[PDB]
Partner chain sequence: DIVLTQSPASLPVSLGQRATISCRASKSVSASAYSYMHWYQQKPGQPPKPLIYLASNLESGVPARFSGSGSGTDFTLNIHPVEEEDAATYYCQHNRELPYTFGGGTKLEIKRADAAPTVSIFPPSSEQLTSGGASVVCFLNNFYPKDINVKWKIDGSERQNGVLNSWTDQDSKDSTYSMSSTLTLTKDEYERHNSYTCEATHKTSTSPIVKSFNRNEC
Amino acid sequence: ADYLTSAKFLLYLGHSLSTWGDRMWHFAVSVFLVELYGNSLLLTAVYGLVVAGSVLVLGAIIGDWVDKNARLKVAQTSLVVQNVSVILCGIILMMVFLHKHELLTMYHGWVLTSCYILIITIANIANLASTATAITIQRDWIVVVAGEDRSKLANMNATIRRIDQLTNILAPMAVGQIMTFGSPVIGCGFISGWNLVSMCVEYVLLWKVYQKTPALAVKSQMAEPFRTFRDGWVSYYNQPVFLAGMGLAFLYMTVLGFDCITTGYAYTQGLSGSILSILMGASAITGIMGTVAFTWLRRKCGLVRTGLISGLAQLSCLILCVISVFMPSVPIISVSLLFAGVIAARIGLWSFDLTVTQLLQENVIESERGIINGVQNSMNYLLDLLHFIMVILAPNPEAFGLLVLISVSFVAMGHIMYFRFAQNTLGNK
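With no structure shown yet, could you now provide this chain on its own, in the form solved without the partner chain?
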């Protein structure tokens, strides 16, 4: 059983541990937001705006840093920064949960605001490090480990997505059970300790991956960062894979989704916790099914064909959702149609996400890989920022319908862009 020590499985294990830590810490921050502050749209929206704006500004910088440095150095530095930021965030969360009563009742009104500012800043740093490690590990390391074998690359990307979704659905359950059977302070302490141990393990895991793969070793003072940012965006605009990236970014403008504990429109609206949990589980299983569908489609059709088919599926499911919205309290038929439309949209969208990921991994030269992927993340977070702005501007319930249309419209728009990419690449159906 040499599979347990191969580069591919060690990469899988490292990604699994990193994603588990990330999701546990995300759930801890969500619990911090819910317990201290009420179910407020403004606070979660401000957190999302801060994270999205920071990544939008610094995507090119992070990509350039990944591109200009050795692979092991950037991977380990990003790992250490992410885990240390998560450890500090966990310690602060344990401290606030320990003094929750005093903060809510006895202490002045500025201490809670200071705690929120500190938590969102540490979360922004952790998310920046997570974006850096995602860029480097996924793009560079998975492409190099796969090499010239595209089937292996597609299987590795699909397995990464499956691990990500399973962790997204399991880590909230584990942290919730731990917190309830103990206390939120115990939960935050466990999260901090687990992140420390996982950092220690993942350092050695990345070092061992770097050994078994010998191909990884080959490869105003703000004028320079601004020049790198401009050069990165100009290079991104001149890539053949640009409309596909634009479509993938536009697919982030949607409100229709159940994959996020906080910053989700359904939770902000006031939907019951049990229904939200059921919908998140259904979205996770359907996302796994979508990754399987992508892996199957890529072999039969091409890759651009796989993207087109996935976009067609997602548009059909969102058409079902629109029919639900326009269908004449509210009848349970409309709600069931909307939920089915969103879930089947997820199954049709994960395949397109994997297709665009494979296109970026294949058609971006090794010299521009980090910068182009950083700019792609910047575009994704820019359209996520637009989504958060839209959610802020329309908080009243009797506008939800409108949002749906907007969201669906953008999806269509995104896929239209990808369709143009197809016409620029194949010229055949």
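In this text, the rigid core denotes the largest set of C-alpha atoms whose superposition between the two forms falls within 1.5 Å. Positions refer to the first chain, counted from 1. What changes on going to the form solved in complex with the partner chain:
- Superposing the rigid core between these two forms leaves a single residue from 144, 98, 84, 279 with a C-alpha shift of at least 2 Å: 279.
- Relative to the superposed core, residue 367 undergoes a C-alpha shift smaller than 2 Å between these two forms.
- The Cα shift for residue 200 between these two forms, taken after rigid core superposition, is smaller than 2 angstroms.
- Here residue 211 does not count as shifted, since its C-alpha moves by less than 2 Å between these two forms after the core is aligned.
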The other form holds:
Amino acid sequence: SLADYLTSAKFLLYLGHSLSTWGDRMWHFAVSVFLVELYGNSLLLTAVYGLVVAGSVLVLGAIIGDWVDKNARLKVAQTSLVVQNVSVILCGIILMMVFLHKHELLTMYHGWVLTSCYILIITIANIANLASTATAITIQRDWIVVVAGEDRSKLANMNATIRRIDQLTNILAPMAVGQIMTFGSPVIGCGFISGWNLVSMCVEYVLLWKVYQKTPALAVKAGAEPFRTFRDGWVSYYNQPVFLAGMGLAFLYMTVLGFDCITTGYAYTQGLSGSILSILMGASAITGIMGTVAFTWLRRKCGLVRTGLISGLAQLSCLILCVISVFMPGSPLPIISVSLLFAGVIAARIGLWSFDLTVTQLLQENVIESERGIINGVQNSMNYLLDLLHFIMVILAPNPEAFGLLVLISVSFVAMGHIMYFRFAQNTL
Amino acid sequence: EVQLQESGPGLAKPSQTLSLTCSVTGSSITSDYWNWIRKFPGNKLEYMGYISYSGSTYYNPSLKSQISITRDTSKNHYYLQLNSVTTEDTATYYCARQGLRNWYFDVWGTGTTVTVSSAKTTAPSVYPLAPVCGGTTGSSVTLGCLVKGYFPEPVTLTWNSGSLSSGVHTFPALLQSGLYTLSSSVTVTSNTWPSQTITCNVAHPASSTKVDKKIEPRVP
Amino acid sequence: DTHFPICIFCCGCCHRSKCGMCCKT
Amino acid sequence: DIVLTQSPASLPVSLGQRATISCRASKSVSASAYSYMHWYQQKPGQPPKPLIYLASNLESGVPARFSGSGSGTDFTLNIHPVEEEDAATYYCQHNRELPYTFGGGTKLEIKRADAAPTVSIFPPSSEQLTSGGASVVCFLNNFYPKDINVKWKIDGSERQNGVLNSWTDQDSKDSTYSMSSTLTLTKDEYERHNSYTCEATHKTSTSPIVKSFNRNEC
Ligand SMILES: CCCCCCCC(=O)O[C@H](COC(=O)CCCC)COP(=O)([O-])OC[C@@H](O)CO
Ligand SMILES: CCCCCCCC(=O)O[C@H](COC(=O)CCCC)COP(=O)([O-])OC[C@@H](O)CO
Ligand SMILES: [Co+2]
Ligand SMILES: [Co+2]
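Having seen the form solved without the partner chain, I'd like the form solved in complex with the partner chain now, please.
Entire complex below, previous chain first.
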């Protein structure tokens, strides 16, 4: 009877999200390889890359959300998909070209050639990231709410499945692309990424059209200029009832306590090897999946607004271990310090992902449909704004005493975000 | 299994043009960088320049010689021409690939050596070297053979048609007045000589020379 | 997760004589 | 141009010990993640063969005993443990910019026991004197270490014009050296003097070993 389930719009949404997330992770891995290789030992350009991406989203999120609000759903979805995939394909061709001629670019040309290659790569990657943000808004904040009926358990299960998909992709995609870059060449990996995006674009295009055909309600939308739209969107975001919950979710991005950040190099400094690091990342993904399961259970039990409180309490309770580990023997501010630090990180993943699922469902339940895009656009502009701040703090303080300082700062930001959520929750109830 | 192989003339006269060929197998000269390098009498390696996969060339500006580097893609060969050579272009010449995914000299030819000189081919004079007219002997006796005034390299030298192989040192040739000189010493036991005869056999193929020189005890 | 990770598998990139995952930011 | 200074120019090492060869650049050779220093080995009569590239990558087939390190301007090639077959000349070479340049080379010599030379002197042959020229030859056979001074004296007077000294390569069996010293004269100048002497000053002895003859001693 799976032949019936495999043709439902819900599974088609899951499949398209899986393809998009896989391609996006392989693309981010290729860009990281390009930055580490052709621009190592440079600090100005890493900061420029992060600043360009985060500041473009910070300036254009309300504009992209208004564009999603003002147009037909199938049009904006297929347009965002085509723009993102064509950008990644062209940038991957350019990347394999610069990887083929790496030592010539480093040794026997004027430096403006390599500078122009960097400028072109950063620009095309910025365009692809803006298209990915438009896709995330239109699909995970609009289409999924429509494919779910009025039912809230269905929306919750769909959000949890989407989170499990990206939790698995976050560990699996980098492994595959790195094995392709060792068993072959980085040129081979860039060509594979370009071909993967070229095929996945067509498959996801047909998948979006099929979901649009199976969901008639998607065809029924409810209804200098750019500066006025920007100001109106930010003022509309400030006056939302769920504004404090979104502010706390954005404050959660100002953190160092994860395996995507500089904790990996700190673990190398503390004597752990790469196999232990892979085991810890796998345990972290396991705890994130456990957090999705805990979100569905607690939402069935205590409701959504209390699920957010319980998730924030769990996350702070697990970060207490990191706070203690910074003040323990073997801290460079013995195995006892890193043990408590990584134990707190892996344990806090549960409450982190439960709280993220909670704020996501609050945003998609309590925002007016005609405002669904622009509000979420400003929400993206908030998240990146606190991500970019972390991206600065890590760059200016890259030595081990600063690691403990940054850990204390990240725990304080997590506490500030949960305090804002507690204010919203005490207001709501 | 990439192979390079140099070829060209062994001798050039001052002010002439010299052209060497590097023949390449196992890989096409349209993918990497193709270089020329030489090693002077001494240990000194000097980069001369390259031709690229695209036919673009680079010549080392610090050279005192004027060079042109060209290629032929239908043969997968490339070439080095030196214009108006001088004696200081006497050297051993190597071709070498440099890969784009490597960036060093990952494959070399075996090299070809070129001597620049304005000189006639010349047969050597061979002189016996017998010990000082004195009588005093240790446990062994050292004799020698001097081969002077030849051109060009090489010569071969043996003792007693190669029957005499222990105790022999042959010294590398040196240039004096346009011609080469080398010598060789051989040491035997006291009872061997003079009762056993010792002869140096010298051949210089380039002149069709072959000379037998007996070592005769000195007498007033 | 960070929106713009700079993580790669490599050796000697983050730490001497040890291969593995390495994030610069 | 970028200048590469190798050190030491000659390195003697006993079997099994370690060898350390250094190379210093006038300017940096690192660009981004890479370092553009490479190391090659050349044995006599052979072409140079690559050993280490990008300053720490092992060439395929090269025994693990070879390793490299360094960055910026300072680089080092290490061989531990050394074996007989490493007797050879090693070169560094940079790739950072044109023109490419090589270090001056380091000859690796297997350190032996100190040994003094057997020295022999030969006056001109009567055939040669018949020809109007006169070469006097001195052989210095089987010594170690390699450096040694040879002084010609004609009738007690030092002579340094007209002397050709040629050394063999290190012998592959006993690890000694030999050298030939030739003094060439005209016949008529050779016949107006009487005493001819070659003196070999070597580290093996405080005073030099002296061999001599006189023209009319027969
Ligand atoms: C785990 C992967 C297996 C699931 C594949 C499901 C494919 C599927 O849903 O079939 C179809 C579309 O998928 C593709 O063509 C893209 C190719 C897939 C990569 C679904 O369309 P459909 O034939 O079920 O339409 C049914 C309606 O038209 C009823 O009138
Ligand atoms: C990347 C691999 C995808 C793993 C998804 C995680 C498994 C999961 O969430 O459980 C289920 C399988 O998800 C997928 O099939 C996605 C497949 C995409 C290729 C999702 O649960 P569900 O919402 O479809 O069923 C509803 C039940 O909760 C009702 O009893
Ligand atoms: Co992305
Ligand atoms: Co980070």
